[PDB]
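Shown next as structure tokens: one chain only, the form solved without this ligand.
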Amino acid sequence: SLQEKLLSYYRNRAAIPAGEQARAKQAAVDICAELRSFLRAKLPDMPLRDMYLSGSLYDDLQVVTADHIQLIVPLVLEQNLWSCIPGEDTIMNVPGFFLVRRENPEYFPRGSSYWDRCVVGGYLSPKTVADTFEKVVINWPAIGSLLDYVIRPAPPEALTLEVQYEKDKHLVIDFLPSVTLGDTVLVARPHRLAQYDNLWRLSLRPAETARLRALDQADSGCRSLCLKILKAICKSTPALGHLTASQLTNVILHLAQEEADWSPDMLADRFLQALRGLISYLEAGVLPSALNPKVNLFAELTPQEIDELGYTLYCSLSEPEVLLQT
């Protein structure tokens, strides 16, 4: 009956109608295709690659409603002029984040690189880049009419588009600057606290979802289904609002290294293990990344909030119709 409860909860709350999901993503795909050709002509100065889609909607892991997706804005930084410094090596002492430093100004003076205009204190400021990308940025009415969409950028949060693709269907697109030095991929979404605002955030998302997709392909497994049910519960339960998709994804990755068997009838059991696992990580104040275990995925939560989450989850064990209500 937990199985049946879980599959009912998925079909009735976690699942997005197949057409809504397809259309929402296609609208994102259309807008991306059009910006690429547009920005091509207009920005001959900027070391940027083409913007590209990212997020659960793109990878079929969005739940409840298809309402949001990112446009990654990938800067180009040359190796001999920049380095990334992991946060645990900075005085910030926070793994999972990075400082981006302008190297060798003696060899290659300031102004050699376009992004020198975005340097603060010798570091590439994630916020100065975001503001720079924003100020430079496009005829949205023109692009809208070309696709028969209604696209309306937001007032400050000006790096988000509101996209009316169907009559009463909208989705949100936000731009996300990004950088790659070596194998390390970074993203301009600020640490929650202002004093960490010069740090870029390590992005784990593409390797995490590829890991999870590859596992499920190899044996027709139910890891992704379990994830989405978990995402849907947290998304629909305001006391669980602080939990993020990346935390839930890594709960499932640890359990996958513990459990080889994820056949459909294992769903109920795997979900219980994930739920008890989340509770345990919450008790330890630490949820390490399965891909990069030095990273504590609870790093931005306060101990109080961490306490509140475990408490909510502990209560839910004896009131199961408050995780599973629709």
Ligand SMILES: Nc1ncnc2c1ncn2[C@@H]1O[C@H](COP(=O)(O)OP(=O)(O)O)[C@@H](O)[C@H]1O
Second form
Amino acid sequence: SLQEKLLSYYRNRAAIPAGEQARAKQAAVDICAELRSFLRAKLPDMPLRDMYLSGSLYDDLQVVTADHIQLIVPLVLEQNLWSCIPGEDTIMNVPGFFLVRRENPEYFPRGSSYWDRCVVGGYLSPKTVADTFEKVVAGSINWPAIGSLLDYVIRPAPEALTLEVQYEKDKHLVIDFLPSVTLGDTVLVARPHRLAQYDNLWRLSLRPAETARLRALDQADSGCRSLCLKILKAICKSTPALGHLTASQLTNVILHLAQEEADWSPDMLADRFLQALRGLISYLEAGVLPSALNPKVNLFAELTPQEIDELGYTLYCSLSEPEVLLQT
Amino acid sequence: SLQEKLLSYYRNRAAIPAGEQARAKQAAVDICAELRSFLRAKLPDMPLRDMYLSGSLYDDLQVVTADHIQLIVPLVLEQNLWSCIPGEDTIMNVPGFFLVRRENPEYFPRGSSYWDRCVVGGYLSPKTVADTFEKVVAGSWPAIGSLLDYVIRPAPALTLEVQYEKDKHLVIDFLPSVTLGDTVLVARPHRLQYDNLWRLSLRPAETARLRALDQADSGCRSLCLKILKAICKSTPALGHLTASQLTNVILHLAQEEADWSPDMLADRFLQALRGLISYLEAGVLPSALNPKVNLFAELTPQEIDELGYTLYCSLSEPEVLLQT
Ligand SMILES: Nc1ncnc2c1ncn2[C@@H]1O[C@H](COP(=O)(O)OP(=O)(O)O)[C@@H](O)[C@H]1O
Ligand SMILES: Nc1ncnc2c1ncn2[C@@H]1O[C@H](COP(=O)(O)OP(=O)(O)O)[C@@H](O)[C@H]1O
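Condition change, the form solved without this ligand to the form deposited with this ligand bound:
Starting with the chain above, the whole complex follows.
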């Protein structure tokens, strides 16, 4: 049966071996803790708060192998000196991103905020904020040295700025930094749009609300929504042609399906999984996967029409190839 | 035998029991973490860095019972809008304390800094800072308490009384802090009244030095300190002395004596009493890190009298101080 096959798959492929999981988490926590001590007394005029961990590995949603996690770098934008403008209301015309503008320059002149140094054309540029972070914060740190204080080999990549942390003989955790600001209840991260011309836009952070929703639905049920997600994530991670699919896209297929099916008991796993499959296919066919949290946002918007067709073509072929889809 | 009484007094009175000290510290660390979450969600617009723990309980220097710790509240000041003026350069003439002045008010008007809201008469007032923090950072306690299964009671100055055990409680107080350039200041008012003055923070360097010295030696400097703290905590006539005064007595003695091996404790302990008496007779205990600061400038004449008397007498019967 498909039910057995899926549970077998989760167990032999999707589920991260516990030792691996524990050691990767420990290295992240230990590095985050050491950075907290180190940075606390270092950049006294910078509105910088403690870095903190975020991502599927932190949430028990990472699959196959523990290989990555984020350190969010929370920055403070002072009261009433800043506003965010939704992307769809800018000429850039992209929902799910925001411009951040310096407000009241005419009364609290350029110079008033620490972040004025990262202001360009009146806007707080996420790439200039990220450059400042890398040069001023990350740069003040000897990475291989901290790994030596802790007992890890830490290698900063020369390529986007990430840390490769060997936590096991032949296993490494890749850590990347996400500068973040919050305006009202709008949480923004500097993860650039795929294309350069959009590099002035901060990205709206969806993950915390997405994963909260998913968890809250399963707690109430108590359903197999997260198990289904982890399985689909493992298939995509394990299939190169499915490389363009993200955890957010898969999570939102499941959240939409949650509006249509209330019953996610353990024995419904197979039916829901197949539903999630045909559903993902139909969104690809439509070229649009609306965010379950903010339906103005199209989660496929950074993919090209050709990429979207290739994904759908791949999934259709997979239906007749359960053995490759469910390796190993 | 003095040696014996000191060693036994450390274990019998000064050393906090292990369960108590771990639970109390862990409670502080747990509340500190939740605070981070509240600031993240509820105060994204206040230029405050994350609060962090500070004090003897965090340093394994607390004695007798785990009953208090501080959370530093680190304000972020623009380097171009603020300066600190050293107390000795003021008519008030108070070394070890600073004024924090708002600079360039005509070019950058009120509002150019979040912290302008805590300015009075052109200076950043620790009072309004504490008020603001208490008013604004008071949208957050029983949820943090239920979460950690601690009962948490905020005082109606704002401090937290945390029941971490049936018959024990930890009192957490908040210490506003600003750092300008290389200078770290805390809102801990002069004990004897210039309450516009911030205090130069000496504790981190003081304790780091004491630790460094013992670490190199496996010496008994910290042991001697904790015994002295316990005695003062236990002896009303001696309660006027602070951990910092006692720590600095020890730092100065460490400059004079190289041997702090375990059996030197009794001798170093007596030297510390006699040191106290000599600084008392001078009315001056300079900070070992910043000798222009007189740590005894915060003691009253009546306190200096009682301390001196109590200590002179004790020198003939040191063990009287080692009451069970
Ligand atoms: N707080 C956050 N806000 C926005 N994006 C985040 C946050 N934390 C992690 N991410 C992003 O989430 C993505 C990783 O998704 P994740 O849920 O970890 O699934 P996966 O296990 O497939 O990596 C990355 O693009 C990363 O930048
Ligand atoms: N970072 C700091 N800078 C300056 N003073 C501090 C700091 N942290 C704590 N203090 C002060 O230290 C005093 C407590 O001293 P501590 O070393 O904890 O000894 P004790 O155990 O006797 O309380 C309090 O007045 C508190 O405000």
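Here, rigid core means the biggest group of C-alpha atoms that superpose within 1.5 Å across both forms. Residue numbers count along the first chain shown, from 1.
For the listed set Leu181, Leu81, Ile143, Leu240, the sole C-alpha moving 2 Å or more between these two forms on a rigid core superposition is that of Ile143. Once the rigid core is used as the reference frame, the Cα position of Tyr165 differs between these two forms by 2 Å or more. With both forms fitted on their core, the C-alpha atom of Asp219 sits 2.3 Å from where it sits in the other form; this compares the forms between these two forms.
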